[PDB]
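Asker: Here are the chains, one letter per residue:
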Amino acid sequence: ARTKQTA
Amino acid sequence: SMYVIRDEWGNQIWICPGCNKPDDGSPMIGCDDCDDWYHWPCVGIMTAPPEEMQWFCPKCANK
Ligand SMILES: [Zn+2]
Ligand SMILES: [Zn+2]
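Protein sequences, first through last, are from chains A and B. Residue numbering for the first sequence follows my numbering, starting at 11 and increasing by one per position. Residue numbering for the second sequence follows my numbering, starting at 12 and increasing by one per position.
Under the rule of at most 25 Å between Cα atoms (straight-line distance), these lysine-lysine pairs were calculated in the DSS-like manner: (1) B:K70 - A:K14; (2) B:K70 - B:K32; (3) B:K32 - A:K14.
A few chain B residues that don't get close to chain A, going by computed Cβ distances all over 12 Å: (4) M13; (5) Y14; (6) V15; (7) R17; (8) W20; (9) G21; (10) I26; (11) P28; (12) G29; (13) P69.
Pair ranges (Cβ atoms, derived): (14) B:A72 - A:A17: 27 to 33 Å; (15) B:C30 - A:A17: 17 to 23 Å; (16) A:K14 - B:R17: 16 to 22 Å; (17) B:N22 - A:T13: 16 to 22 Å; (18) B:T58 - A:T16: 15 to 21 Å.
Derived by calculation from the structure, the hints in this document are not laboratory data. No residue lacks a Cβ here, since even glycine has one placed at the ideal position from N, Cα and C.
Taking the hints into account, I'd like the entire structure generated from these sequences.
Answerer: Next comes the structure, spelled out in structure tokens:
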């Protein structure tokens, strides 16, 4: 799946 | 529907249709049908799916 994340 | 906002800096902000709150850097997942982006908890995603798995949002899954 297409996922995203930013700390 | 429309869940993208063009902000005063010229950037795009994505809103999660589940909670109507923006992307805040926490994990999101994109619908492979309609291309909306949801926070993981808002759609019950609790661990990263396999990379090869397509994901469909609640609206699209029933279409
Ligand atoms: Zn949400
Ligand atoms: Zn969808």
